[PDB]
Every structure is written in C-alpha cells, then in structure tokens.
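What follows is one chain in structure tokens, specifically the form deposited in one PDB entry.
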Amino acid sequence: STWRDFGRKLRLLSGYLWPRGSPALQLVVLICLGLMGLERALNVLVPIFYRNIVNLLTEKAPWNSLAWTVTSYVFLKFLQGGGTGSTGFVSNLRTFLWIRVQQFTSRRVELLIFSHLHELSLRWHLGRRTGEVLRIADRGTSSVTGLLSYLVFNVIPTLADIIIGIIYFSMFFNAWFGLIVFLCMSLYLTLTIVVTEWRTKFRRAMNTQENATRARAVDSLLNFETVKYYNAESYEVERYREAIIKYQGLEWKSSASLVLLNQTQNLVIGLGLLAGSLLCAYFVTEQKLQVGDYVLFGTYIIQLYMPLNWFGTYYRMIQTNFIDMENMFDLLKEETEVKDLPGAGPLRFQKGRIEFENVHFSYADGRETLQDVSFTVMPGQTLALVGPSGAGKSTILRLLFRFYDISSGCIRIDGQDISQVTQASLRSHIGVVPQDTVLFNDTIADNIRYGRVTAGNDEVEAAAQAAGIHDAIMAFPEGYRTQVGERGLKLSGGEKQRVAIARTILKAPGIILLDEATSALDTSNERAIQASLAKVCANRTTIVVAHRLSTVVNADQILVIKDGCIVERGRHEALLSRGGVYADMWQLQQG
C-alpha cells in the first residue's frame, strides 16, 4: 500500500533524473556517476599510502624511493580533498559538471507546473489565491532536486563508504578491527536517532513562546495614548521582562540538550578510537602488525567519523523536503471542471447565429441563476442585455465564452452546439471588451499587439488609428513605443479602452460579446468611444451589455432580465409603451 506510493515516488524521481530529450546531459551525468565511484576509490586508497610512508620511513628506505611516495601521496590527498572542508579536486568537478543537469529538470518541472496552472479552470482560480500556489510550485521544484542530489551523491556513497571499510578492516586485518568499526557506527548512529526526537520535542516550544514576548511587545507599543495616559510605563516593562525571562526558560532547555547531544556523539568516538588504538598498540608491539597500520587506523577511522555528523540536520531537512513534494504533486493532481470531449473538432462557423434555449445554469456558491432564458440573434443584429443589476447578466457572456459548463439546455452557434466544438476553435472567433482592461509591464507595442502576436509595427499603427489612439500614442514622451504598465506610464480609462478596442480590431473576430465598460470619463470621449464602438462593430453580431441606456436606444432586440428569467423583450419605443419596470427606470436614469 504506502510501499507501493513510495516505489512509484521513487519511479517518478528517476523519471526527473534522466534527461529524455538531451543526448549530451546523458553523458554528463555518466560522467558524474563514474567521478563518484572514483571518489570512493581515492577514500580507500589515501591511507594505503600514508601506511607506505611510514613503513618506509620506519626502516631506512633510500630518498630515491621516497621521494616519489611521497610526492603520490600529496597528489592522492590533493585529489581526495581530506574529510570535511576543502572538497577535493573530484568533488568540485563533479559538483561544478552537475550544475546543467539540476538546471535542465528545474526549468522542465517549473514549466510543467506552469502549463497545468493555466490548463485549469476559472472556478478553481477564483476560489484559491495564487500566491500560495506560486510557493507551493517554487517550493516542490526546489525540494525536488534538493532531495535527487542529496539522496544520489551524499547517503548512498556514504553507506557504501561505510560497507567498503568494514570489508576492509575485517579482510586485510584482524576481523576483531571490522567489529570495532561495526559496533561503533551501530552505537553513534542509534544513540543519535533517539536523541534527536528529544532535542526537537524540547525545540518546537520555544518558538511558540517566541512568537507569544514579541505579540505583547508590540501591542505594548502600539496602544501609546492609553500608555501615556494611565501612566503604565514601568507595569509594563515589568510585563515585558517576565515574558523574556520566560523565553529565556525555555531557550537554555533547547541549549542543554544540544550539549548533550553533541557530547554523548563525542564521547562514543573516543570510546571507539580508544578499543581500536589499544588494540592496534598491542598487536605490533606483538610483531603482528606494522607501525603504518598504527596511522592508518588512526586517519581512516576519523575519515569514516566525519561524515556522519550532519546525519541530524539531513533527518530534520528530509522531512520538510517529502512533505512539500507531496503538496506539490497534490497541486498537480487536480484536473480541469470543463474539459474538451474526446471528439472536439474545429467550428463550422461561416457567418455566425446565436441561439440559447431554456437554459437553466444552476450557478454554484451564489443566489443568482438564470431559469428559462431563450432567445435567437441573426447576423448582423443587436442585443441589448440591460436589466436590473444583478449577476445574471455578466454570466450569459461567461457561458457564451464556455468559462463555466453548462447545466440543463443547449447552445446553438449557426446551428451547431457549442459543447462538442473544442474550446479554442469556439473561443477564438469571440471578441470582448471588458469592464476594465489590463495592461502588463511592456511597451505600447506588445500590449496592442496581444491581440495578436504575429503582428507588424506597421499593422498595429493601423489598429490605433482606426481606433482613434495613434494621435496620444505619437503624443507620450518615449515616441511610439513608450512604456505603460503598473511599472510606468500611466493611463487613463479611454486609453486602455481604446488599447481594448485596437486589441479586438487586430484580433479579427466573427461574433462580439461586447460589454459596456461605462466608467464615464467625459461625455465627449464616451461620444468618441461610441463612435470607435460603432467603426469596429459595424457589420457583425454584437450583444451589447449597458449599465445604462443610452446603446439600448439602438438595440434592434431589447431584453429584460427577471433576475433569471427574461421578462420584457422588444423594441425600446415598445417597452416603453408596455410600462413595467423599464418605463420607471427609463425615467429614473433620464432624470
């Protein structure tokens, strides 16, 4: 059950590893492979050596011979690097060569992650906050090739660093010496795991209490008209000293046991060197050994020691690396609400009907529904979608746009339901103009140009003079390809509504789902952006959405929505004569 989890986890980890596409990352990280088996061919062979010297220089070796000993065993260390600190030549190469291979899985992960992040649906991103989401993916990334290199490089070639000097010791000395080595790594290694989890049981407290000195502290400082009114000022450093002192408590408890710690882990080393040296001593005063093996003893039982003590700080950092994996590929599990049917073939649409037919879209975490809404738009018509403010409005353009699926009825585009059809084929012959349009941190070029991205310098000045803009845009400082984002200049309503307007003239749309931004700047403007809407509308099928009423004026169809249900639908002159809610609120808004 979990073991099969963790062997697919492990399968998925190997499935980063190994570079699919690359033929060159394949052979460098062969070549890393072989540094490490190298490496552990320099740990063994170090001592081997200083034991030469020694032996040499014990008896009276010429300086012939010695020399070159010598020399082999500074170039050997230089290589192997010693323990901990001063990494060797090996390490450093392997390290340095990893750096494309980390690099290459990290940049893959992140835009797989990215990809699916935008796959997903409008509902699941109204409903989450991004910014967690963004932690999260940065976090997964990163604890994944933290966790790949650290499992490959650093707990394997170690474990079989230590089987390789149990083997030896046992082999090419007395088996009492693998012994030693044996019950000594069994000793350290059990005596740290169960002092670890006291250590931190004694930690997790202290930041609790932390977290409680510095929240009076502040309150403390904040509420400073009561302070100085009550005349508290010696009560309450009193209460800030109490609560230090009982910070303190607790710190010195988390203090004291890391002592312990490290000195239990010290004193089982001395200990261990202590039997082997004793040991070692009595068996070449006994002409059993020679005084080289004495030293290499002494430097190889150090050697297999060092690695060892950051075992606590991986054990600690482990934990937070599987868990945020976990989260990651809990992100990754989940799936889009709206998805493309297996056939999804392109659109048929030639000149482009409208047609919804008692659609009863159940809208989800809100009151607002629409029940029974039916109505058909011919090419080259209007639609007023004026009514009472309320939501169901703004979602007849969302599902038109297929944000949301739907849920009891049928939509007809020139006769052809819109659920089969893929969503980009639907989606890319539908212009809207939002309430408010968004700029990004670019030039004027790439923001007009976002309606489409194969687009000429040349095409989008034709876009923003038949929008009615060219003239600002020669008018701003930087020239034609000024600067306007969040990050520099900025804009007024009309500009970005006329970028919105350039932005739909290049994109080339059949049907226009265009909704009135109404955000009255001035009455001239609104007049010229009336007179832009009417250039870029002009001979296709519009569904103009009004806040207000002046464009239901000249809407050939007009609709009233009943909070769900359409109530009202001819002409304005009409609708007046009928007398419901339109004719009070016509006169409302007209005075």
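Numbering follows the first chain given and starts at 1. Whichever C-alpha set is largest while still superposing within 1.5 Å between the two forms counts as the rigid core. Compared with the form deposited in another entry:
- A 2 Å or larger CA shift between these two forms, after fitting on the rigid core, occurs at just one of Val29, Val44, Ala528, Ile566, namely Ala528.
- Core-superposed comparison between these two forms: the CA of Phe114 stays below a 2 Å shift.
- The rigid-core alignment places the CA of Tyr247 2 Å or more apart between these two forms.
- Superposed on the core, the two forms differ at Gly431: its CA moves 2 Å or more between these two forms.
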The other form holds:
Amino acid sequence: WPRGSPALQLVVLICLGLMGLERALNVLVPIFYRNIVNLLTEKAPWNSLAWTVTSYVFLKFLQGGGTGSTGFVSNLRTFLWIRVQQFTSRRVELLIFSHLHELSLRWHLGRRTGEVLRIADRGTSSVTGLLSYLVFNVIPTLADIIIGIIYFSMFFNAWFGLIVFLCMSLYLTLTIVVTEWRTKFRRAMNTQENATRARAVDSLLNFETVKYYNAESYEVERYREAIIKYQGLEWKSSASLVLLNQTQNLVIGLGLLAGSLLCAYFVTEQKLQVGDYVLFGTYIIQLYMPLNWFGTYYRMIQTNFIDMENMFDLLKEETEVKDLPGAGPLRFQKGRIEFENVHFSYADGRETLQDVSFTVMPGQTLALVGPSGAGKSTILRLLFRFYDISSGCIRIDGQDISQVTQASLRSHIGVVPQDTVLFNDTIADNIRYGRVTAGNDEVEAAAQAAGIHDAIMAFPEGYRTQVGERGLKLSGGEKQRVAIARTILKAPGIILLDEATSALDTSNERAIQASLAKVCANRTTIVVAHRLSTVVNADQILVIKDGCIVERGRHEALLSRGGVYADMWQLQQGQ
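Counterpart to the form deposited in one PDB entry, namely the form deposited in another entry:
No partner chains or extra molecules come along with it, only the chain itself.
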C-alpha cells in the first residue's frame, strides 16, 4: 500500500482483494464440480441442474487454468496490476538515474554507460519481478496449501489432509533440492558454453593466420571437438532437468494414487459419495499446476538476487567529495580570484598541481597558453568543483568555495566547453539549453545575437528542425555559436573557455571571436587555448611547467623572454 496517490492505494487494495477472490474461487470450482456430479448420479430436475452447471461453468471461466489460460480474475488482476508496476518502476528508474547523474566526474571517466544502464534496467526488472513473484506466488500458493490441509481435514476425511500435507512437503522439498542440483549443472553448462563460443569466435577472427597456414581443416576439426564436448555436457544438464520433472510427476502420481484409492475405498464403503472422489481428483491437479510453476519462479529468483544487491550497491555509492550541509549560498560581485598554496595530487596526468599562486586581475583576461598536456583543463575542472582541494585557498570574491553551495555557484557561474557535444534533438532546445526556463522569443533573440540565424535559413524547416545523429549535421563553428548563445543565456559571473585545434573558416572565425570579446567584456576570464588569435586578444599569460608557475607577463614579454610561448610563436610564425 504505497502512499503516493489515493488512486494507487485503491488499485492496490482492489487488486489484493481480487487476489483474495481468486483464492476463494479456487475452492468453490471443485466444490461446485462435486455438486454437479451428485446431481447427475442420482436423478435431478433439469431446471435446477442447468443453473448449477452454468454457475460452475462461469466460475471455471473465472479461473480457466493454473498459469495457463489463467482466467477472467487473474487476467483482470494482471491488467490492473500493471498500473502500480508502472509507478514503482518509474520511481526507481528516476531515482537511480538522478543518482547516476549525481555522481562525480572521476566515477564517470573510465566505466561506460550501457554496461551500467543495463544494470539499472535489469535491477528495476528484478525488483518488479520480486514483488510480483512474492505477492502473487509465495503467499497465494502457501494459502492454497493451508486451504487444502484445512478443507480436506475438516469437511472431507482427515487422512486426506494427511496425504495432501505429506505430498506437499515431499514435493516442495524434492523440488528445492533438485533445483540446487540442477543449478550446479546450469553453471557447468554455461562455463563450457563460454569456452566453445570463445574458441569459435577467435578462431574465425584470426582468419589472416588461418589463411596463412592452410588451417581450415584442423580448424573445422577442433571446432567440431568443442561442439562435441558442449553436447556431451548439455546432455547431462538436460537429463537432470528430465529427472527433476519426472520425479515431480512421480510424487504427484503417488499422492493422487493414495488419495484416489483411499477415496474409492471410502466411497465403496459409502462414507463418501462419488462427487467427493471427483472433487479430490480435480482439486489436486488444480493444486499442483501452479506449483510446478512455483519451482520455475524459484529458479528465476536466483538471477534477481544477484541483480538486486548490485542495484543496491550502485544506489548507495555516492562520492560526496565536498558540500556545505547548511545550503549556504554565494555572495559574488566582481570576480576576485585567490591562489594561495594551492596543491593537489592529480591522477592519470603528466602535469599535477604544484603550489600555484598567481591571482588573476578581476575584469581582465589572464590566459593560460603553454606546454603540451591537459593540466589547463585540469585546473579548469578543479575551479569548476570537479576535484577536491588537497591544500589551497580558492576564494571567488573573498569566500571559500568549499562552503558556498553548488546551486549558488552554477547560478552565479557559466563556463563553455571546447567540444560541443549535442543530442539528436531540435535546435530550439539546444539554444534554450543555456536556460531552459527562458522564453522562446528571447532564445531566438539570443540565437540571432550569437548569429545562428544563417543555419536557421539553411535548415529544411528553420527553428523547428531536427539536428543530430537522427537529424541534420552542423559544423563546429555553428555549434560553438550555439554554445556562446547558451552561456549568454545562462548569464555568467565569470567565463572560462577552451577550443580544440580546429577553426572552420575565417568568415565565421571573425564573428565568433568578436562575440567572444563581447561576452568576455564586463567579465574576468581565465581562458585556455592553442589558437594564436584567441591568445593575442588576451593580454597577460600564465605558463606552467608540471604544476608550478614558471613564466609570467604578457605575450610580447614572453616573446622577449624567449620562453616556451616565444618558441611556439616562432613555430606558428614559420611552420
């Protein structure tokens, strides 16, 4: 009974009560069947016979069969049951997805997505299967066991309660032990299956060397051997399944035989009448064709057990590198940035962070162009709250970044990337993606402010186009102009920027760095680059060898100094 919405409470309650009705008509259908046989044994009036027989046939319509042609009640149960499985499935999928995008960058670098999204989806499938399995299979079939014991031990002869109770115990125990034994065979068949498939696929994939040494004949022979070995073990596993099913049938056979003969004895001794015998025979088979399906669901709870703990592990792994639990906002006015004893160990990088101390001028442009290596992108990520400070003081406008909180940061800050990574979507969403809660007419206004109008008329249908892998393919300058529309919509306090090594054409280049100067106006920027035009518009440059600051000044100061920037400028002057 989830407390989400009152409609869902009523669907849950009506489906539970409807389950109760099905487990109630489980006993009525045999009881009616016995009454019909008694009406036919000694003669009955047709007028009452017809109504009782029709009443029975509609009750057997309500439950056509056990797990096959389940019947009106079970079918109506399953159709209304999905409308709470949608709720719980949707809720857990949203929660796990929010947690996946909660986790930090360092989690997301190496491990992929489809190897994790499968874990999420199969975990949701596992929990839905667990609740549906349990509530509709464990408690109902155990309830049927209690009703069989109770009803045959009260209203029919007590030793048939004995035969049924013993037969249920013999069946359930035998089923679970041979399911374990079959389980060890399942794993044994699976491990060889991996080997036969692996040898096959690599023997094919090495076609160059198979061709190189005439290896088709021996390759056929060894693949046939792997097939024969897999066959000779699959025979063993399927013989185990055969023995399991056959002894399930043999225990049902002994249980039915004991009851049928004992009932025959009591009916011939006339303590019971023929209807009671027909009831016993039809009630056992009804009681068991669910139950062989119970064993199947107990061997498909094994996969669920592995998925659920894995789902719980992913759900409970949160980096939580730094945050202020009091939700303390940011008080930002100009862009005063502080460097003092800023040291941090960096993983998987040639450069590291080694005691940098050079505050940037607020309102000005202090670029960082220098050596090969992604330490510039590293300090960009570090300033953009992606890695923990080990030792250092970072004070945007005079307050520590560890306690001013991330929502206030990303409201107060806006940073563009170097590779515009875009979806298979429209363009209107990707230009309003800077501020999704901003109106359309102003996002066309900011798009024309970026200059995106030219691609709009280049589109087959303009601002309502489809762009991506499932849409049209734009160019890099177009997409970076979408990105600058994103950031001017996002209204930054401080802009940080990077580019790749690609410039499309001079006509778009002059426009895009004109707009870069426009957005860097009234803003401090610490830009990183490898493009001469995006370096010369910035005045003062910081160059860092291996995490520590080494040169200083402006670009002509570096040229007269003769540093690595001067060598790069000579190399770009004459290639």
